[PDB]
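S.K.: Spelled out from the first residue to the last, the chains are:
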Amino acid sequence: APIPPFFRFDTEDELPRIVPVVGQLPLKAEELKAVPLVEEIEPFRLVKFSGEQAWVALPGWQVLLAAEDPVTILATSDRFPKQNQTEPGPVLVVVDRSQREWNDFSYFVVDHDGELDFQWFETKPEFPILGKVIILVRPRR
Amino acid sequence: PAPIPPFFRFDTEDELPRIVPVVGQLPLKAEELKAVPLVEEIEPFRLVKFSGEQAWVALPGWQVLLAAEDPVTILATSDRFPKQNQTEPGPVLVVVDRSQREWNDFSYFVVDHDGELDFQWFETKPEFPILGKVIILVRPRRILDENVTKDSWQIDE
Amino acid sequence: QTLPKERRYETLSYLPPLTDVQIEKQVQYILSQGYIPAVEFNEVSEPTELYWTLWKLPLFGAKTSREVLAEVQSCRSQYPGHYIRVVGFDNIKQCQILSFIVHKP
Amino acid sequence: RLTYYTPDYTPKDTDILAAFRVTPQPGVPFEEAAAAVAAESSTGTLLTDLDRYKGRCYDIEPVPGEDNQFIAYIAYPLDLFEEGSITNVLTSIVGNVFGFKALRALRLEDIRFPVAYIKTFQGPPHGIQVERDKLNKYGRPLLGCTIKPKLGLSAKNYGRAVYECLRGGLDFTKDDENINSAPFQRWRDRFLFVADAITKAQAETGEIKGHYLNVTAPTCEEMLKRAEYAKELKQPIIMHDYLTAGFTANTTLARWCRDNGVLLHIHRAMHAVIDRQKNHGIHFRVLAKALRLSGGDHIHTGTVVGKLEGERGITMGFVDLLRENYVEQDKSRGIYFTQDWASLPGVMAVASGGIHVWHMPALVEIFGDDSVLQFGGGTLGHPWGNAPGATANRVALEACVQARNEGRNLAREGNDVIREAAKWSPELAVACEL
Amino acid sequence: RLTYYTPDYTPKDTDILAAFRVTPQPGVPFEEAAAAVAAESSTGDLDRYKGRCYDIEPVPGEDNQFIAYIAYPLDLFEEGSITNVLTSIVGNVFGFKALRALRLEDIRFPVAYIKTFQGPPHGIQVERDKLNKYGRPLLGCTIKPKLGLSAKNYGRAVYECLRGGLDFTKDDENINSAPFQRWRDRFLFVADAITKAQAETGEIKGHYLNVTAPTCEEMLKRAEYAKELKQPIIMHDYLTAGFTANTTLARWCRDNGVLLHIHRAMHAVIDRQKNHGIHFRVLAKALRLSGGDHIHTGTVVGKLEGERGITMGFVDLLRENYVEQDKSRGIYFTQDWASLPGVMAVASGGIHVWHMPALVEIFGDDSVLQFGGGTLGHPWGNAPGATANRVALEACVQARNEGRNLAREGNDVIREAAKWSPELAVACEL
Amino acid sequence: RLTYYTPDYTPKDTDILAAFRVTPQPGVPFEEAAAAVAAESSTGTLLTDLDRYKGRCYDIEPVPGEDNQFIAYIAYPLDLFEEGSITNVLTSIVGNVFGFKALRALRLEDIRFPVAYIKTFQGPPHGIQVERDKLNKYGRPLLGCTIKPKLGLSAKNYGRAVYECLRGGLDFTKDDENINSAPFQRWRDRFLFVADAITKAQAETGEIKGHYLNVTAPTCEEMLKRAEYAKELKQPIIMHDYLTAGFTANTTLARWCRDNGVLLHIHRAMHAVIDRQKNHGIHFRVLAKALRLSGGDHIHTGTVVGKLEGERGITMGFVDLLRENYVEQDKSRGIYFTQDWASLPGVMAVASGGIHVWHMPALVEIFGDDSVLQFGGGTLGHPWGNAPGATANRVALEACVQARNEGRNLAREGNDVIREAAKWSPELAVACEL
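Chains as they are written, first to last, in full-length UniProt numbering: chain F, 206 to 346; chain A, 205 to 361; chain E, 2 to 106; chain D, 22 to 66, 74 to 462; chain S, 22 to 65, 77 to 462; chain W, 22 to 66, 74 to 462.
Honestly, the hints are just simulated from the structure, not real lab data.
Just so you know, even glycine gets a beta-carbon here, dropped at the ideal spot from N, CA and C.
Any given hint could turn out to be false.
[To be verified] Computed from the model, here is a short list of chain D residues facing chain F with C-beta under 8 angstroms:
| hint | residue |
| --- | --- |
| 1 | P47 |
| 2 | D95 |
| 3 | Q97 |
| 4 | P105 |
| 5 | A133 |
| 6 | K176 |
[Stated by the list, open to error] Pairs of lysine-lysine, BS3-like flavour, derived with a Cα cap of 27 angstroms:
| hint | chain 1 | residue 1 | chain 2 | residue 2 |
| --- | --- | --- | --- | --- |
| 7 | E | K105 | D | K306 |
| 8 | F | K253 | F | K238 |
| 9 | E | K105 | D | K359 |
| 10 | E | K57 | D | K162 |
| 11 | E | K94 | D | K253 |
| 12 | D | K253 | W | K228 |
| 13 | E | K105 | D | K147 |
| 14 | W | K228 | D | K262 |
| 15 | W | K165 | D | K228 |
| 16 | D | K176 | D | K147 |
| 17 | E | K6 | W | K228 |
| 18 | D | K147 | S | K33 |
| 19 | W | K33 | D | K253 |
| 20 | A | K329 | A | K287 |
| 21 | S | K259 | D | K259 |
| 22 | D | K451 | E | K26 |
| 23 | F | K253 | A | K287 |
| 24 | W | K228 | D | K228 |
| 25 | D | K306 | D | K176 |
| 26 | S | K259 | S | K176 |
| 27 | W | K359 | D | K262 |
| 28 | D | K306 | S | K259 |
| 29 | F | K287 | D | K359 |
| 30 | F | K329 | F | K238 |
| 31 | F | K238 | A | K329 |
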C-alpha cells in the first residue's frame with residue numbers, strides 16, 4: 206500500500222516571500238544598503254547566504270510579491286501619525302527599496318542625516334529617499 | 205491631509221507561515237541532515253537568524269506544518285515517492301521534521317541509507333535510524349507570473 | 002379543551018369587556034400623543050364594511066381632558082343597539098392610531 | 022490611481038452615496054483601495077468626461093477597534109444609474125467590485141438613494157398607512173402563524189391549518205419559503221384551498237384576514253399568472269422571496285400589486301448569504317432600502333430577542349430605514365447616511381424569530397404599531413392545536429397593546445400583563461408555561 | 022433533533038444533493054451542525081420530505097470546518113424553478129446561529145430534475161452553428177470607457193472593435209439605460225454598427241446587448257427590440273436581476289432564437305469569501321439550468337494551480353455533459369447533465385495578446401475571450417487592438433491545428449505572427 | 022443486423038424501456054426481430077454516434093405456453109424523445125415498427141417512463157387527493173349514471189335526466205361518447221342546461237355534484253372554447269375522448285385544466301382498436317401510463333365482474349399503474365417494468381361495465397376508495413326512474429363502504445349487506461331483484 210500526502214500551495218496567499226530584516230531601530234543609512242539582495246532560485250524560492258543572515262516570513266500578498274526588493278525593518282508604531290486608540294506595539298516595516306521614486310501620497314524611508322527614518326513628505330525634499338514603505342504589519346492580538 | 209499608513213494587523217482566522225531550512229538535492233549525506241540546527245522563534249514575527257551558510261524556504265502555514273518542531277526540507281524529484289497519477293516525474297519539495305521518529309504503516313519516514321538519504325514506507329519496525337516522519341510534499345507552481353503575484357487591481361471577472 | 006366559534010370584532014376584542022376606567026385610561030394614551038380622538042358608530046361589524054359613522058365630531062377641547070368619555074355614554078343612551086367605537090387620529094402620519102369597540106349590541 | 026479619491030468633495034444632494042466596509046489586502050493603502058472601489062463600480066481603469081460620471085470616494089473614517097478596515101464613502105452621481113431600476117443600483121455598485129483582488133473583504137454597509145432618485149421608483153404598493161386602511165387593523169402590530177409542517181401537507185390540509193390559525197384572532201398566515209409548488213401541493217390548488225379558508229375565517233370573525241400566498245415562481249410569466257390568480261380569488265395579500273427571485277421580478281410584482289391592489293409581503297429568503305458575515309457581503313439595510321424602493325408592504329426584519337444591545341440597535345436601525353420618512357445618520361444604530369425617503373410609503377417590519385407568548389411585551393415595545401409579528405418558526409406550537417394556539421398569540425398581543433396604551437412600561441411591567449391576561453383566557457393559560 | 026443526520030443514507034439517484042462547507046461555532050459538534058444545516062433547509077409527513085445529511089468529510093488541512101453533504105428529496109422542489117432550489121436550500125440555513133460561516137460548495141441536480149428545466153437556449157454546438165464560428169475560441173472587447181459614451185459614440189467604438197476581427201463586443205454591467213445613453217438608442221446605433229462591421233468583414237458579428245431592466249416587462253420589450261434589430265445575441269446580469277427574470281429570458285431566448293450572454297454581475301458578494309456564501313460552481317449550475325449560452329468564468333491567468341483547478345472545475349460543469357466527482361478540482365458531486373446543452377466559458381480578466389497560447393490550451397474551442405478588462409488598451413486604438421487579439425488568437429489556433437505544444441511553443445507562435453502582422457507587433461510588448 | 026440486440030445491456034435508470042410482444046414471421050429468429058423492433062423505432066437500417081441514440085433490445089424472455097412469441101424488452105435512451113410529449117413517445121416507439129413486415133403481430137405490452145422523463149410531463153391536473161379535496165368526497169368510490177338514451181334528447185331533457193340522477197346521491201353523471209354536438213343537441217346548450225341542473229342538485233343536496241361535460245371537439249380551438257365555457261359555468265369537471273382526439277389535444281387540455289382548476293375525465297373511446305387483441309396493438313397499460321403522463325383525473329378502466337382471475341389481475345395491474353406511486357414488476361398481474369411515478373398525481377380508475385346494484389360488493393372490494401363507479405351502461409335502468417335509480421346505486425355504495433369499514437369481507441359477506449340495506453331503503457328494495 207503506497208500512500209503519499211500531497212497538500213500543494215493552491216490559493217492566493219501561498220507564496221511566503223523571504224524578506225530580509227534588519228536590527229531594531231535606530232540604525233544608520235548603511236544597514237539598508239548593506240543588506241544584500243534576495244536571489245530566489247525560482248522552482249522552490251531557495252534563498253541562501255553565507256554571512257550573518259537575518260530575515261522574516263510574511264504570508265505573501267499582492268503588494269509584497271510585486272515588490273522587487275522588499276526588506277522588513279523592526280520598529281514601533283510611534284513613528285507614524287495613527288489616530289486609533291490601539292496601543293503602541295512592535296511594527297515590522299516592510300520597506301521596498303526598489304521603488305525609490307517620490308510620491309506625495311505614500312510613506313518613504315528617508316535617511317535623516319545618517320539615521321534611517323520614516324516620514325511623510327508633501328513635497329520632494331532634498332534628502333534622498335532610500336526606500337518605500339509598502340506594508341506595516343502588526344502581530345496577532 | 206496625511207495619508208493613512210498601511211497598518212495591517214494579523215487576523216486570528218488566517219495562519220502565518222514558517223521558514224523551513226532546506227538541504228540540497230538528492231543524494232545527500234546522513235551527516236548533512238544532522239548538522240541542521242533547531243530553529244527557534246523570534247517573537248512576534250518568526251524573525252529568525254543564522255550565521256553560517258544555509259538555504260531557507262518559507263512554506264505557508266498549514267495545520268500539520270505550523271504544529272511541528274524541527275522542520276527540515278530535502279530537495280528531490282517526483283519518482284522518489286510512489287506513482288500517484290499520469291503525470292511525469294518532476295521536482296518535489298519534501299518537508300520532514302526531525303523529531304517524529306515513529307513507526308507508521310501509512311506515513312513515510314526518512315532514514316539513514318549507508319550515510320545517504322532516501323524515502324521508504326514501513327510495514328515492519330526496522331533497526332534503521334528513522335530520521336523523522338515527512339510533514340508535507342509539495343511541487344512548484346504552474347501559473348502565469350506577471351498577474352498572479354505582480355498585480356493587485358484585477359477582479360475575479 | 003378547545004376554542005369556541007366566537008365572532009370577534011376589532012383591535013381590543015380578545016380581552017374582557019372593557020370597563021369605563023380602562024377606556025378613560027385608554028383615551029388618555031390617545032390624546033396625550035397629540036392625537037385627536039373620536040367616536041364611530043355602526044350597525045354591524047362586517048369585514049366588507051370598512052367605514053363606521055362618526056359621532057358628532059373628532060371631539061377635542063384641550064391638550065388632555067375628558068372629551069370622548071362623556072360623549073360615549075351619551076351615545077350609549079342615544080344608540081343602545083349600535084357597535085360604538087373609539088378611534089384615534091393622527092394628522093402627521095395620517096392614519097388612525099386606534100380603532101376599538103367600547104360597546105356592542 | 023488616486024483620481025477617484027477626492028477627500029474634499031462635499032457630495033451633492035443628488036449623488037447616490039455608498040458606504041463600503043473595505044478590508045484591503047495588506048500593503049494596499051486605504052486611499053488607494055477606496056479609490057479602487059470607486060473605480061470598478063464606474064469608469065473603470074479622453075473619450076468622455078471622467079469628472080462627471082466617476083464614483084468619488086470622499087471620506088475614509090477607519091472603523092474603531094479594528095485595523096485593516098475602514099468605511100469608504102463612495103459618491104456615485106445621479107445620472108449614472110437607471111430611473112426606477114434597483115437592479116441597476118446593484119449592478120453598478122456591488123457589481124464588479126467585491127471580487128476585486130486587492131481587497132480581502134468588501135461589505136456594502138449603507139447606501140443613500142437621494143430624493144432625486146427615490147422619486148423614480150414606486151415605493152411599496154401600499155405603505156404602513158394604506159396597508160392598515162385596506163385591512164382595517166389600527167393601532168396594533170399585526171400577526172401571523174407559519175404553517176407547520178412545511179412539507180408534505182396537501183393543499184386542503186394546508187388550508188385547514190390556515191383556517192384554524194385564522195380563526196383565533198390571527199391576522200395573516202405565512203406560506204413557506206420552500207413552498208411555491210411541488211408534486212404534493214400545486215399552487216393553483218394551494219391558493220384555492222386557502223381562499224376557501226380565508227373567506228370562511230373572515231366571514232366567521234369579521235376581521236379582514238389574509239394569507240401570504242407565495243407567488244415566487246420560475247418565470248415572470250408564471251409569477252404573474254400566480255399573482256393574477258390570487259387577485260381573482262380577491263386575496264388581500266401575496267408574498268415573494270425577493271432575493272432568490274431577484275429585483276427584476278420583485279419590481280415587476282411591485283408594479284403589479286400597485287396596479288392591482290394586492291398587498292406584497294416581501295420575504296428575505298437567501299438574505300443570509302450576503303448580510304450575515306460582518307466583513308463581506310451586502311448589509312441588510314442596503315437590501316431593506318432596496319426593496320422599499322421596489323415593492324413590498326412587509327419585509328422580514330428577523331427578530332430582536334436573541335440579540336445584544338449592539339446587535340439590536342443595528343436591527344432597529346434598518347427597521348427605521350424601511351418604515352420612517354426621515355432617518356438621521358446614527359452609526360451606533362447602524363445607519364451611515366441620513367436618508368430622506370421623500371414621502372415614499374413605509375414598509376412593515378415583520379418579526380419572525382423563534383418567538384412565542386412571552387415575547388409579546390418585547391416585540392410590541394421594540395417593534396411599534398407599524399409591524400407584523402410572525403410565529404411558529406422555532407417555538408413548538410401549542411398543546412391545544414392552532415386555534416387556541418393563535419388566540420394565545422392574540423390575547424397576549426392585545427394585553428400588551430392595552431398595557432402599552434396605559435403607560436405601563438412593558439420593559440419592566442411586561443411579564444405582569446402576560447400573567448394577568450392568562451387568567452381571563454384559558455387558551456393563553458396553557459400556553460403560559462411553554 | 023439528530024434525526025436529520027442519517028449517515029447510512031446512500032442517496033438516491035433522484036435526490037438533490039448539496040455539499041455545504043460548514044464552519045460551526047466553537048463548541049458545536051460536527052454531527053449536530055450537519056443535522057442543523059439539513060434542518061433549517063427543510064422542516065425546521078416528515079420521513080419522506082426531509083433534507084437529511086449523510087456524510088461529514090472534514091476539510092483536510094483545517095480544523096473546525098467540514099463539508100456536510102445534504103440529500104434533499106426530489107419532490108420537495110418545483111419542476112423547472114431554480115429560484116425554488118435557492119429558496120429551499122440556501123433560504124434560511126446560512127443565518128442559523130450555531131454556524132459561524134456556511135458556504136454552499138457544490139450541488140447535484142439529478143437527471144430527474146435537469147429534465148424539468150430548459151437548459152441554455154442554445155448550447156455550444158447550437159450557438160456555433162448559428163454564428164458559423166468553428167474551431168477557435170471567440171473574442172470580445174468591453175467598450176472602455178464604461179460610462180458617458182453617447183449611444184452613437186458608443187456604437188462607433190463597437191464598430192471599431194468589430195472591424196478588427198473581433199467576434200462579439202460586450203455591453204457593460206451598469207449600462208442598461210441612463211440619461212446619457214438610452215437603451216432604445218444604444219441598441220439602434222449598435223445594430224447599425226454591426227450591420228456595417230458584418231458587411232465589411234463577412235463574419236457574423238454580434239454585440240451582447242444588455243437587456244437587464246427594472247421590470248420583466250421592460251426586460252422583454254428590451255429583448256423584443258433586440259430581436260427586431262435581427263441581433264444574434266443579448267446579455268443579462270443574472271444575479272442582480274435574479275433567477276426569475278433570467279428564467280423568463282431563457283424561455284424567451286430559446287423561443288426567439290436570440291443567444292444569451294449571462295453576465296455574473298454581483299457574483300462576488302455571494303462567493304468571494306472562501307468560508308461563507310454560495311460558490312460559483314453552484315451558480316454556474318444554476319444558470320445552466322436557467323438559460324445562458326455564455327457565462328463569465330473570470331480568468332485563469334492570474335490564478336494558481338488550485339485556484340485554476342477550481343476555475344476549470346466549474347468550466348467543465350457548465351460546458352461538459354458528464355463530470356466526474358473530483359474534489360481536488362472542486363467538483364464535489366458527479367454531475368450528469370442528461371444531454372443538456374452546454375454554456376460557453378467566457379474568459380474576461382486581465383488577459384491580453386500573450387495569454388492566447390495559454391487560453392486556447394486551457395479554455396478549449398468552446399470559449400469566448402473578452403478583452404480590455406485590466407489592461408491599458410492598445411496604443412493604436414480599437415481596430416488595431418482587435419486585430420492584434422484576432423491574429424494572436426488565430427496564430428494560436430493555427431499552431432494548435434498543427435500539433436504545436438502551446439505551453440512551450442506558444443510564445444514562439446506569437447512572435448512569428450508579429451512579423452506577418454503590424455497591428456500585432458505593436459501589441460507584442462504593451 | 023444484431024447490433025441492436027445487446028443482451029448484456031443492463032438498462033440505465035434513465036432509459037425509456039419498452040416491452041413489445043413480438044410475433045415474428047417464420048424463419049425470422051427471435052434476436053433478429055427484436056433487434057429489428059429496436060431498429061425501426063430508432064436509428065433505422074458514421075454521420076453521428078449510433079451507440080448513444082440507438083434502441084437496444086436487452087432481453088428476450090419467451091412467452092410461456094406459446095411459441096413464435098416473445099417479449100422483446102427494448103431500451104430507448106432518454107435524449108431521443110421530447111420533454112413533455114407523450115405523442116413523441118408513441119411516434120418514436122409505436123410509430124414505424126408495427127407495420128414491419130418480418131413480424132406477423134407486434135404488441136406494445138408495457139413501457140417504463142423513467143423518473144427523469146415523468147418529471148417533464150404534468151401528470152394529471154388533479155390527483156386522487158386533489159380531486160377528492162376539490163369535491164369534498166372522502167373514503168368512498170364515487171358514482172355516475174350514464175344518460176340513456178344517448179341520442180335524440182334535447183339539451184334540457186338531457187339536463188332533466190342529469191338533475192334526476194344527481195339528486196339521489198350520485199356524484200357525477202357522464203356525457204356520452206357520441207355526444208359532442210349534433211343538430212338535436214348543441215354543446216353550448218347542453219352545457220348550459222347541465223349547469224342549470226348541477227346547481228339545482230348541488231344546492232338541493234349539499235354535495236359538490238358534477239357532470240363530465242364532453243369537450244371533445246373537431247379542432248383544438250373549438251375544444252378550448254368548449255372547455256372555457258365549462259369553466260365559466262363554474263363546472264367542476266369536463267371530459268375528453270383522448271384516443272379519438274389524440275394526445276396533442278389531450279395534453280393541451282391537460283395543461284388547460286391544471287391552469288383552470290377543472291377536473292379532467294379521460295374517456296377511453298377507440299381504445300379497443302388497439303388493446304383488445306391479445307397479439308397485436310397497444311396494451312392499455314401503455315395507454316394508461318400515457319394519459320397519466322398527459323392529463324386526466326379519471327380514466328375508464330372498464331370492469332372486473334365479467335372477467336376471469338387472469339383477466340382481472342391484468343386489469344388490476346393497470347389500475348395500479350395509474351393510481352399508485354410505485355408499482356413493482358409483476359408479470360402475472362401484467363406489469364412488465366417496475367414503475368416509479370416520482371410523486372406524480374394519481375388517476376381515478378373508473379368502473380363502467382354492465383353493472384348494477386349487486387356489484388357494489390365486488391367493485392368496492394376490487395377497486396378501492398380511489399375509484400369512480402359508472403352505471404347505466406348495460407343494465408336496464410330502474411323501474412321507478414332515475415332518482416330512485418340513483419339512490420339505489422348510492423345506498424348500495426355506502427352499505428358496502430360501511431361493511432368494508434367494519435371488517436366484513438365483502439367477497440363472502442357482500443350479498444348480505446345488499447340485502448340488509450334493501451330493508452332500510454325502499455328505492456333499493458325494488459332494485460334488489462333486477
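S.K.: Against the 27 angstroms threshold, does the CA-CA distance of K228/W and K228/D hold or violate the hint?
M.R.: holds (23 angstroms)
S.K.: Does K359/D lie within 27 angstroms of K287/F when you go C-alpha to C-alpha?
M.R.: holds (22 angstroms)
S.K.: Was the hint right that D95/D lines chain F, CB cutoff 8 angstroms?
M.R.: holds (7 angstroms)
S.K.: Hinted pair, alpha-carbon criterion (27 angstroms max): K147/D, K33/S. Please report holds or violated.
M.R.: violated (52 angstroms)
S.K.: Can the restraint linking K33/W and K253/D be considered satisfied, given a maximum Cα separation of 27 angstroms?
M.R.: The hint is violated at about 38 angstroms.
S.K.: Between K451/D and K26/E, is the straight-line Cα distance small enough, at 27 angstroms or below?
M.R.: The hint holds at about 21 angstroms.
S.K.: Checking one constraint from the list: CA of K105/E to CA of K306/D, max 27 angstroms. Satisfied?
M.R.: Not OK: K105/E and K306/D at ~54 angstroms, beyond 27 angstroms, violated.
S.K.: Would you mind confirming whether the straight-line C-alpha gap from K105/E to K359/D stays at or under 27 angstroms?
M.R.: violated (49 angstroms)
S.K.: Measure nothing beyond the straight line between the CA atoms of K57/E and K162/D; if it is 27 angstroms or shorter, mark the hint as holding.
M.R.: Distance ~25 angstroms between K57/E and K162/D Cα, so the pair holds.
S.K.: With the threshold set at 27 angstroms, check whether the alpha-carbon distance from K359/W to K262/D stays at or below it.
M.R.: Distance ~52 angstroms between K359/W and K262/D Cα, so the pair is violated.
S.K.: CA of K238/F to CA of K329/A, is that 27 angstroms or under?
M.R.: This hinted pair is violated, its Cα atoms lying about 54 angstroms apart.
S.K.: Does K228/D sit within 27 angstroms of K165/W, going by the straight-line distance between their CA atoms?
M.R.: This hinted pair holds, its Cα atoms lying about 19 angstroms apart.
In the structure shown, a violation is registered for the earlier hints numbered 3, 4, 5, 6, 7, 9, 11, 12, 13, 16, 17, 18, 19, 21, 23, 25, 27, 28 and 31, in ascending order.
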